[PDB]
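Using the hints, position chains Y and S against chain V.
Now for the letters of each chain:
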Amino acid sequence: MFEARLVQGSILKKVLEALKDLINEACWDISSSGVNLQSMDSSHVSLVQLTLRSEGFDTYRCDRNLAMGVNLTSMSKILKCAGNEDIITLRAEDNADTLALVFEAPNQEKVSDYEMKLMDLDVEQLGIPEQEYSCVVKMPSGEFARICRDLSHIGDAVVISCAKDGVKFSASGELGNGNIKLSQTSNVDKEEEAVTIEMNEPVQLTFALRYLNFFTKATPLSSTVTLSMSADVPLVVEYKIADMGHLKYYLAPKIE
Amino acid sequence: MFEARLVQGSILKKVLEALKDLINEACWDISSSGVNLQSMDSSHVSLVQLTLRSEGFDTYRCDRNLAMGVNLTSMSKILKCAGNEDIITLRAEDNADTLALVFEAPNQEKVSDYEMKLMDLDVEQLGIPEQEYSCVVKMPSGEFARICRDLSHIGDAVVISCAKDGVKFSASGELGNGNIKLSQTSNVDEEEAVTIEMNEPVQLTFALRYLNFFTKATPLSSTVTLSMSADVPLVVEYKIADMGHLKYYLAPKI
Amino acid sequence: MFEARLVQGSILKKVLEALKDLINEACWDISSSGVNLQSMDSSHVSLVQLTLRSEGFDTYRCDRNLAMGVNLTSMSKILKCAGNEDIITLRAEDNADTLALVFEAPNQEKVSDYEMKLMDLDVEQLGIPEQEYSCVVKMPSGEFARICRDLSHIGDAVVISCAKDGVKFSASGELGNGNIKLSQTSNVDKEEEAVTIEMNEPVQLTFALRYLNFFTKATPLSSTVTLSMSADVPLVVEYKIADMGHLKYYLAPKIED
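Protein chains in written order, with this note's numbering: chain V, 1 to 256; chain Y, 1 to 254; chain S, 1 to 257.
One chain only, chain V, in its complex shape:
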């Protein structure tokens, strides 16, 4: 059966808090090679895709494929009961329609057991057309969160622009317009703190800001975020979950 031991359940909790408000319910596709979760929000504008490889877990055992359509809100409500440093064991019996979340303690006298009731979800795996992006900005996740949360105060549409000497996020609204421009750092004191712009052609796109703000709730997962995009192709916000996988949000451009 599905028996996975995660040493630090903070990763799982942060993942659930990153997916909680974008998508209500998702189909965790468990396999012998890892865990996947590909689903698009209720408005069909953005598509979140999570992958957690097997080697990131301590003892990941899966003999048969599973599709556990968990309710993400309830799953996060259960995950909240776990501690910050707890070892989390996910156990899905061969076929039981319940997922056992076992929150052990950091080698202490507390063990918590929860049996989250699954629900049957009509699995659908839409094809993600592999594509080559013209601009790849790599920036500290704090800066992107700040930029989106700031320009959200002005307008609801961010115009992202990739030149060669720096990327600029513009926005406009009733109270004026404002544009934040970042230049690529040359003396990277910390490889985290750098802003690296792999540019192959200057691009300019427009995106909604509700969805970028929904994306930036995954900032505790990784320090660096990768904004990869090209013309007439949904932007790709990528957060690398350290040595165990990634969390990748796709967002379709805005009309006009």
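Hints may contain errors.
[Said to hold, decoys possible] Here's a subset of chain Y near chain V, in silico, CB distances under 10 angstroms, partners left out: (1) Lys20; (2) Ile147; (3) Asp150; (4) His153; (5) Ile154; (6) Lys164; (7) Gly166; (8) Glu174; (9) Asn177; (10) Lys181; (11) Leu182; (12) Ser183; (13) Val188; (14) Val194.
[Unchecked claim] To give an idea of the chain Y side of the interface with chain V (calculated C-beta under 8 angstroms), a few residues: (15) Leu175; (16) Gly176; (17) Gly178; (18) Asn179; (19) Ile180; (20) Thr185.
It is worth saying that the hints were derived from the structure and are not from the lab.
Cβ atoms here follow ideal geometry from the backbone N, Cα and C, with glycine treated the same way.
Structure of chains Y and S alone, referenced to chain V:
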């Protein structure tokens, strides 16, 4: 006249921060032994009783056994106006219906006064039967509040069970079921060590709403004591800092 | 063109979160001497006067005396986009319709240039004369903020009595009564917390607590607040700025019978 000077006045604040949501209006029974407060909740379900000994306050004087009727909401509102390191003096009069509590600041020359209107409430208090509970469970109040708040996200009723080497909280609801087992610390770190005294097994079901109401007294004492005798209103007891104790009695549901 | 670069950026932030709830839209009078702002509350009960001298700005350049109306809520919403370490550069053309605020991060390549939209304000400068107040109480700001926030729980009117021995705030509400007497402090080491009551005649006034709580929103500006007060003239709550100017709040007394 009742005149009571208390050095660590913040204590009083926390006390009313644990009752203002259970008990709208109470009757402080004041005597030379100290302060007492006994009541049912606002819906006559669970009981609360508070004892503060006269040896706890810095100075105490009570020339006659009086029944000060106080609206706990307004008194908590007033006590919010008292700094943390303040000196509260509840200079009540002999019979006037204006309790007079002064917030002295230490060497800050911020003498503050407050004259709170009393209530002419004379409601009688039922005698609290005292029995030898056989489910003694001393556990850190932080962890107990954690457990209650956690199980509150699953269901409305908690099933508490005790065994010679542990205590199991359980709950159920449409989101699933949850079980927190907690075993007695086997001589593993006297300060936060959980301890269980059981002569027989016991298992009950309590409404989590009132358990969450009780947990608000967590800042009072770091360690809470639980007691449950099969058909006996469970008691949770927080020991105030060598001044008295606060106790909630919760009737198990059937 | 008016261009003013200020390295201590946080000041602006704080000032705007000091006014944005008392005043809704104001008229910044920029001149070669500095920036002034006289603005009356919408209910004609409270007035605010801000002054930022040009010698406090790291770089100041004003050619013609501007008078730009701004929507202090929009300006606060724009300034909330600046970190507490940014260098803030205000810039406006001869008679432009917009005000460009450039927040430059101190040690990064992040430069954010917003462009606020001014409004049309036709305000008249009230003439406030230099007075010699009867009672001047210089106390720590946090102290006054605590006093007002505490008395707001009791009742919605504070009676300030400035006697000889010390000031005394009082309030009475449906749940009781309270009064904080505040005695003058001694010549003890720290200077900021030394209460200093200089009085000439014992005065007693009655003020609204809503506006006093609006005043205390400027406590992060400075550590010492100065309450000037005389008979039948508005209370003057003054907060200095860090050697740049000041921010005074005039509150008018209640109606006495």
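Violated constraints from the hint list, given by number and in increasing order: Checked against the structure, the hints that fail are numbers 1, 6, while the rest are satisfied.
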